[PDB]
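In structure tokens, the next block holds one chain alone, the form deposited in one PDB entry.
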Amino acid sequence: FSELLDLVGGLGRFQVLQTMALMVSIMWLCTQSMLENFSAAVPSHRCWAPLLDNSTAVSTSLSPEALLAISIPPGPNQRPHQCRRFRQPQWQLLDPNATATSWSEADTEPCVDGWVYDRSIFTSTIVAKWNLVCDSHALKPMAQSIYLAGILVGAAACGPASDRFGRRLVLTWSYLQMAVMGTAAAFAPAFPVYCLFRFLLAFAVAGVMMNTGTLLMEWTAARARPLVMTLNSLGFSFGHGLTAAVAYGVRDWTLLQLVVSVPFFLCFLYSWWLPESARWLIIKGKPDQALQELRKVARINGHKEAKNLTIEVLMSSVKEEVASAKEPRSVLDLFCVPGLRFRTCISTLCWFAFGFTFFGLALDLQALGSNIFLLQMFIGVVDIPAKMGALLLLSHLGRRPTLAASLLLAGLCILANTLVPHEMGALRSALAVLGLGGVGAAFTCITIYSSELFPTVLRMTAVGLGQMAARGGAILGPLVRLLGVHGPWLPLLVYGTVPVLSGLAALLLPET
């Protein structure tokens, strides 16, 4: 096919504009995923109580700090209890001499009158709106898990739709669906509907993710394909900083979710403008339109060959592939052929390690550091140079030497969080971010690597399987964090255990 791109211009204006346009959409799409750190942030909270919150209460010289000890028992974390209150005011507890036995456990009651939340950092969050705390606390990681399962099912549905209707035609409606479903999620009346809308949003997120990359590859000459895919990957790195900026600017979740969703109505329009994938139209029985798309791109690049491209030349120049790639085949065919079976096994373990380790740690930054906005931004700041170095190593050594080394180093950095002492907070945050950056370098490496390992028709299906495995690990992520009832030691050890072994296994994969 590349002989035709050589007539159309393999790296001209059109590829520049296409890369820019898709990079922007990928940035906003990344904000859509990372938003959970800010839309669903858990403000500190306590039970409503008369002496603290009754506006009709008789005034006294007692400070709020004293009334709080009079009204809320001490929690096991040595802070005011977040799920209990005193049945009757403990005036006796005002003195410092009071024993722990002064108030009986039977004097405590749950938040009968509801919770009160800290408004200082965020004006509103879903946790504050639907009381996803105490007995309901599990619902937040359930929301994240449902979002990731939505991505998984969307990856399952994208491939067939992409091949049946075209790359750009699926991408366009994925943009529209993201816009509409995010706008609706911003206004959901109750938690079940919010989860429903987030799920239907992730369903389209998956299609955008896959189609943008596939359509970048299918229009770019091979000599610069890795560079373009690296830029498409850096879209997410910049999306991290964009998320930090918007979350700093918009402290209300109902407004933040709307703001990060509206841009996709604009992305819709430019998705309409773009051309459908020429190779797809050529192989899928529509050269008559592939010629029109080709000469559209030629006009944009300014080539004279618009006078040369003709249907007979088009049919002649792709004879080999048109004569052989006539068969659609099921997903399980990736596992039926002996060679593709092993390629898929190793690539799937690599994708699983990426998705597991990254999405386990990237969505709970409130535990990793004292400033969630800055810590969110630092993920992009560290991911940029990691992915550029990944590109350089992938070019000057190869795909195989880069993948294994990146995963091993990221695994080591992840594990180090369990060996540095708890009190050295800054170093722990630094190492966590470094591990995330190494996993990002492995993400870029494998994205390029596994797109080469599979044939023309099934490339999209192979990448979809990669997405599904990575999001299986991602779904296990929040549940691995629900395992945190035994303390943070277990989740971090779990996250660190996988990537090192996945890297050691990666070395068996053939170079491409």
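Throughout, rigid core stands for the largest set of C-alpha atoms superposing within 1.5 Å between the two forms. Numbering follows the first chain given and starts at 1. Compared with the form deposited in another entry:
- Comparing the two forms between the two forms on the rigid core, the single residue of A405, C111, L216, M377 with a CA shift of 2 Å or greater is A405.
- Here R459 counts as shifted, since its C-alpha moves by at least 2 Å between the two forms after the core is aligned.
- Relative to the superposed core, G425 undergoes a C-alpha shift of no less than 2 Å between the two forms.
- In the core-superposed comparison between the two forms, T444 has its Cα shifted by at least 2 Å.
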Given for the second form:
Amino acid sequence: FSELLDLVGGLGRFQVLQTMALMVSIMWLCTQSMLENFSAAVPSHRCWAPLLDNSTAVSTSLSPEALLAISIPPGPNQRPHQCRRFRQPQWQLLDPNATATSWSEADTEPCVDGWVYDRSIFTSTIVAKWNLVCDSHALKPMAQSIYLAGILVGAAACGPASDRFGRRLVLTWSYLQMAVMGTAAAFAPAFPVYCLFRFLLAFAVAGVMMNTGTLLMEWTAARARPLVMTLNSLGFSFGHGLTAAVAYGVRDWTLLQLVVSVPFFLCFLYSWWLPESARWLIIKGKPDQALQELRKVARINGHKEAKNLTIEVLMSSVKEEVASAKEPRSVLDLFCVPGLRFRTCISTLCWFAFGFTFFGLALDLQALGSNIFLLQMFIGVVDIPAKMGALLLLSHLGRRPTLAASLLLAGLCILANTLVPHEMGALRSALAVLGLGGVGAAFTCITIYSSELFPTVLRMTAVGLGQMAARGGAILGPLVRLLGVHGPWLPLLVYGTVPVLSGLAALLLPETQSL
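Swap state to the form deposited in another entry from the form deposited in one PDB entry:
Excluded here are partners and other molecules; the one chain stands alone.
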């Protein structure tokens, strides 16, 4: 194909504008995923209780601390309990002579009158709106899992649709569905409905990701292609910083979700001015429409020689693309061939670890340190040099040691974060930030390495299985957080162990650098 791009302009004004336009959309798309660090933050809470919260009652001389100690019992954090209150005010507990056996469990009851939440950091969150606390606490990671399952189902449905209807049509309607479903999720009347709309938003997020990447690859001349995928990968890195920047200003979840959704109406509107993939159009037997797209890009780039193209030249020079329809293949072909079984297993395990680890950790920053705005910023700011350093080492050291060292770095940081005591919040923050940086570098490595481990007709299928395994692992990410009832060390032990085991597995892969 590339000779037509050479004649039309292989990296010109059009590709520059298109790359910028698609990067910006990927930034906002990243915010949609990272949002529920802030949209679903857990403010500290207690039961509603008469002496504290009944402002219509008769006045009293006692200070707030005394009233609180008189009304809500102590809990595991050496602080007021978040799910229980005294059945009647424990005036006896005010005296300095008091002891812990002055009351018993029979003196307590659950939050019959509901909960009171701290409004100092966030004005509202879904947790505060629908009381996703105490016996309902599991519903938050469930909501996150339903979103990520939406991405899996959407990626599965995108393939057939992308090949049947085209790259740009599916991209356009995905932008529209993101705008509409995000706006609808902002105004959901009940929690099940919020889950439904987040699922339907995720279904479209998958389409935007896949077709953004594909539509760049089908319009970029090969000499510039690695750079374009690098910039595409940096879009997510800038998205983390943008999430922190937006969420620091908009402290109200409905307004925050709406604010990050509205941009996709503009993305929808400008996706009509992009061209459809010329490869796809010729492959599907529509060469006159392909000629229109090619002459349009030539007009934007300013090449005078647009007269040199004809549908005969297109059909002659793109026949080697058209011929690709001859040979279908299946995922079983990866496991039937005696040697490729081992490569497939280990490669797929690496793809899983990035998904399981990244979306396990990056969606509960509130557990990693004292300030979640700076944490969300830094898992972008560190992501940038991690990705660039990964490319450098991946060029000079080879694929195998770079992937292995990256995953082991991630795993050992996350595991060390179990041992560092809760007093040292800054060091805990730093270790978790470095862990997520290593996970990003590992994503960079495995994307490239999986494109080299396999014979060229199975290459696409191997990467496809890998990406669907990453998406499938992301679903299990948040669910593993439910193990926290046994202590916060256990979820972190799992999130740390998976990348160590897969890193040591990657050491068994064969090196693919030419020498």
